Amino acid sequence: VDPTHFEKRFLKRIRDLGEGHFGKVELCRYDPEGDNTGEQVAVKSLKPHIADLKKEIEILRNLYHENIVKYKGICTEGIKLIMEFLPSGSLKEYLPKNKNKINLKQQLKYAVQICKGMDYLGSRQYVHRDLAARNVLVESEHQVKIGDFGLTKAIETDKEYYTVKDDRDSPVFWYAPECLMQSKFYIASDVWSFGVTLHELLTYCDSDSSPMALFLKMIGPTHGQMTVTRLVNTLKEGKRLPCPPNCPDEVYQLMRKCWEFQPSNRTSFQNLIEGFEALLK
């Protein structure tokens, strides 16, 4: 028996956790004993792309970090990715419900954990391209994990970026200028996405203060197919998301270094970890 092989006949659907256009993530029970005592797992599968999900599987099987969601295995007929289930869900779900428990100190410790997960990923020569609050899972009050790698790409040795073609469905309000303007993704482009994710965490992921809501207030909600060129315009003019309410100026200044127009300027994840760790002393 291979402990990473899940047989389809024992993988019982409970409900949907999420979807995109091409597939979904379901809560299942792997129940070989047929008595409802089996472990709960999160199962990623395609709608009736296959190559890309195989690639995603091979990336996560080989990532080992306490701030990256655990790979458990595969179900093969078509293929399914089996992951650990984190019943608290994402920061987008958990923060609005737990404001009274989660103070600034705990927000700064989630930020450090996200930076350590991201720095580990970058050390393996990967660019995530989708870092947002909806992709950061809560293991417990004290610990978060990056929970999805559906857009993750390898940077070739000697090169600094990966160029993307499949850019329909881009999370434009989290993207660095070089990503919007030229579809180039650097480690520095995840640093920019981390700054937006930090902004979300410090707003307790409220909908009315989302990066999208706030950017649309800046450029206009009408606009349509001109939305991204107007966004690049306002980033060009030097404008950024505003300081979250109640956020100390020195936390805001670490955030702002994620958002230097030029990738080569921007802070590293290691510098961010040292900046936050200084504020927690």
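Rigid core here is just the name for the largest C-alpha set that superposes within 1.5 Å across the two forms. Numbering follows the first chain given and starts at 1. What changes on going to the form deposited in another entry:
Candidate set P221, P242, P32, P248; criterion, C-alpha shift of 2 Å or more between the two forms after rigid-core fit; matching residue, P221.
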Contents of the next structure:
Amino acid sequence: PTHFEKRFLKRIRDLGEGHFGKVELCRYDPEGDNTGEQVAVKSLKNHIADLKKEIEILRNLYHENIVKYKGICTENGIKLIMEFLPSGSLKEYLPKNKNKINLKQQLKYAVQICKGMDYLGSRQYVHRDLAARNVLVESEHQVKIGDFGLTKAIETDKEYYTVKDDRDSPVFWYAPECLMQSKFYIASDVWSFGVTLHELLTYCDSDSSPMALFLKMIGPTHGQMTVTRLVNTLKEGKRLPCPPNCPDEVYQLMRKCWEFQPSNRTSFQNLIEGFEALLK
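Switching forms now, from the form deposited in one PDB entry to the form deposited in another entry, please provide the structure.
Lone chain follows.
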């Protein structure tokens, strides 16, 4: 049930790619009649230790708005087997469905992301990579958090996890404590959600992305100096602007995600209630 043989994993196309990881669409067809189910397969281009930790996290997560763990494919090597969501990420889905997805549907997606994130927090995890590119579309009515590559477990009686590695990170979705001290709280994921909500409301328009907006604020910056300028911009109280046609009530909840201090930010449960109060 949870074990998948490499020989039966029939590669169809690439779904996503990171620095050391890749996700491919496969058809697990043990009968050899092309009737088996389509699955998402996470493999490596040590990073094995990380992938094993990611497998363990996803195996332990079971929620309507969290990509379903299916099993593993062992080669020393290992592959993570997940369900395949045919519509892909919000980053790809939203620019192609601008006339289909109205504000009501975007708020239903925000509720769904927050429910998935609240459950993640209840398990004492910090995602650290909440962006539209990691929110997958099951159908026009449902989304799921679909990647856990940077997810860490907060130790019991601790409020945050401290990152100790040399890995790359989505700095444009990061809260000040992440940027300044490499500290990741549940309140750090709330900040990233705020940024993800901004993307969702702009229909993931490339010219309106956090990197594009912040880079037009900051200017020519260089990989070394990006973080210090970003921190300086945030310290000055600058934030991503209200997307076009975003009502004030929605932008107010977004601003509650961007309080400089983690202890002053809204919770995911307060966000759920807040968005549901707006859905009629």
